Amino acid sequence: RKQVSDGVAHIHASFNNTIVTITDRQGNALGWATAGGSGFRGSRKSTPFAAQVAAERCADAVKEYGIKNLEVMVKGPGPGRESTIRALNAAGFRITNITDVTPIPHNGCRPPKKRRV
Amino acid sequence: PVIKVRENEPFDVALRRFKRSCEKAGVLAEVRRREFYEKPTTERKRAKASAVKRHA
Amino acid sequence: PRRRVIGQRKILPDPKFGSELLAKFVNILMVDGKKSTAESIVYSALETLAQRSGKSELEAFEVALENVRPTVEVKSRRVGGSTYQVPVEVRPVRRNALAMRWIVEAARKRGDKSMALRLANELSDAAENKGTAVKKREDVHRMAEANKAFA
Amino acid sequence: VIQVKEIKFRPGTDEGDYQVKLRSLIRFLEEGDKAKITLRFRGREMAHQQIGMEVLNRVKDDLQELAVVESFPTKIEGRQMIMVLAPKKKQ
Amino acid sequence: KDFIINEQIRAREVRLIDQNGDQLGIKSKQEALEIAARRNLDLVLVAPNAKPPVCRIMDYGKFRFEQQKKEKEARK
RNA sequence: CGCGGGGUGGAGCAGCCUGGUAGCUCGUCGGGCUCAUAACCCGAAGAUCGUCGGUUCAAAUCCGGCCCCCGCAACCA
RNA sequence: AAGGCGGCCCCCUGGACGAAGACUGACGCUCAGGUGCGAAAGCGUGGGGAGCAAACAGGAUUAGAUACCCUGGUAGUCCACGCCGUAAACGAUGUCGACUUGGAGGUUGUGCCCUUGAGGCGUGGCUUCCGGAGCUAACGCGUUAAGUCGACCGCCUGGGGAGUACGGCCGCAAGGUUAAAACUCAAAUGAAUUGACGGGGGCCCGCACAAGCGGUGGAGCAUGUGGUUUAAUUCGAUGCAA
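Residue numbers (the authors' numbering), protein chains in the order written: chain K, 13 to 129; chain U, 2 to 57; chain G, 2 to 152; chain Z, 90 to 180; chain Y, 3 to 78.
Bear in mind the hints are in silico, worked out from the structure with no lab data behind them.
Built from N, CA and C at the ideal position, the CB exists for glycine as well.
Treat the hints with care, since some could be wrong.
[Claimed, not checked] Distance condition first, Cα-Cα at most 16 Å in a straight line; then the derived EDC-like pairs of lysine to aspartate or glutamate:
hint : chain 1 : residue 1 : chain 2 : residue 2
1    : U       : 25        : K       : 112
2    : K       : 87        : U       : 31
3    : U       : 5         : K       : 112
4    : K       : 126       : U       : 44
5    : Z       : 177       : Z       : 143
6    : U       : 5         : K       : 83
7    : Z       : 164       : Z       : 143
8    : K       : 126       : U       : 36
9    : K       : 87        : U       : 24
10   : U       : 20        : K       : 72
[As the list claims (entries may be wrong)] Under 7 Å between C-beta atoms, here's a sample of chain U residues computed to sit facing chain K:
hint : residue
11   : 12
12   : 19
13   : 28
14   : 29
Produce the entire structure from the sequences given, and follow the hints as far as they go.
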């Protein structure tokens, strides 16, 4: 319906899940898919493979604009940091730049207590 | 750790670079460190212990 | 094999063709130390396969073996309470052994009248890459490619 | 509908421990469940003359407000005796 | 309570009712999905067993939030 | 003729003013875990939603009767 | 000084150390009582309130689960001014001074050397790890002493009872401080040793697993056992090791 050809893959990779969002340079959301909503729950949801099909499913709800180049923004420590990026590149995508944007406070907010499991 | 792929460099090599930039930068270590509160007494305890192990 | 590594016994070659490979084959087909009767069945199967399928007896053997030969496989492993499946790249010597072994086993699990006819038709099927033995290689790969993440 | 949940009252469960979990057992009943008391005697097919029917009977008698019991069973099956407790039935 | 919506719907044709109660008639699932999309709303299967199945155009999230709100408030 | 709250599966509930296949607990019968049992885990059985008339696309939930249980109320000497 | 103190900048301010020489002339050390300081939590008034989180609510786990885990979340955690005066407030080691072999570092002054190199030779302060004699029950300490001596202070006198009671002082309170006895036991305790054990850990072996080939578990029969039966089915062997 419209045209971009130049995008950015923001991947949010937490421990429990990994959300993939495709966007233009402006930061406007073009398409998105998550692992948790691609048929993966709990123990399987938090896997690199689930992040992979997330990246794959996302490349199908965006090529309506015919993106052809993009940059990658890796946020968080979970799986699908890396495997998500791979799936994008195999789905027919030229990777321009890779950047980690995981936030690091300069020691500000006190985090939750340690879990005594 | 910002990375920019150079021409006729495979997606893989650039990636391996990126992962080593983060290995170099200490991102995941850093995120692990802050997931949970550590008491001051505890991090002082950690600090002595590693000083000690860092004698061979 | 905790401590003691070893070499491997280097069996004599096939008496008829002078092939160590076929010696690995007759032995694998052999049962109850009936060597005399084992090589009889292997040859008649090769003779049946050779005569009426374009000859080149050693080569015919390879065409079939080429097809059941597996490049990778999985090795079970138990880490943190979990039985992970690690896909391992398998070495050439054994590659032949599995290939030969699955061809032999698929032959006895067959309907035909004798082991020689069965063996022959297994080789033929394998030569055209079809049948049970080839399918055994494919399951190995489907099972391997699945756990590709943990290599 | 009415579910079966359960509580237990072992021997050595008196007032202290007991009516605390008579509070727990209200809770079960008061969800609108049929709250099944299980005795679990240090005992036998006739463990007690004490263990069970102090407890059970006083659980009924204290909870009697909100809950009543289906039966005062006093037929032990095994080394343990179910007193079955329900919502107090509207006539 | 829970209704299946949008692409989860398998019916070939549905009877469509819009967000204001207008009876749009029998529509192919495809056309029903188009109408919902142009209005930035969801296609909700409100009567799965009706003949043909009945769909209502509405904001599913807003509907569900209000339903849960109602249930919670009346019980606290 | 006299108040309260309820009637759904074997027992007790949720689904209620927010009317479209009635789900959630204890029991029931199986399966799993154990050397075995208790405990625990995977599961299936199990219904005119009291009974009717109204009312409606379809009313569990919608109204009112018949009727029943409990609630205190009462047999208040 | 201890408690404790960490982004950057300024202002006010305490202490420590070095170099050189001048001045005072034993003005010093220690300190019961006294005074001051003193983490966190807690208290009072008024602010402030993102995150965290006692209490509390809800979801789970469980035989139970007033917990551990999850979703929330009040005091509190923050500021001002007051209170409290306690901690495994620890180096579990009081302060001051003199003396007694060494090695490797960290930190911070200062004198000297073609500064000719990020150095070469000295000389103070603090500090970390080893270690010598000596000390010590051992562990260990070992010029920063737990060595060799001296000055002064605080404290101990078997375990429980008890840092409790009573009295006094202190505090809004919570409570703090000083501090007994009856009664009861023949122990309580420290360090180290040999085992055993750890949801304990490390390293290593065995057809232990893994890699293979053939079996047992099904069937019929042989055989042993249990059980059941019998007048009797004789006695024994019973997890691996019947």
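Numbered hints the structure breaks, given as an ascending list
5 and 10
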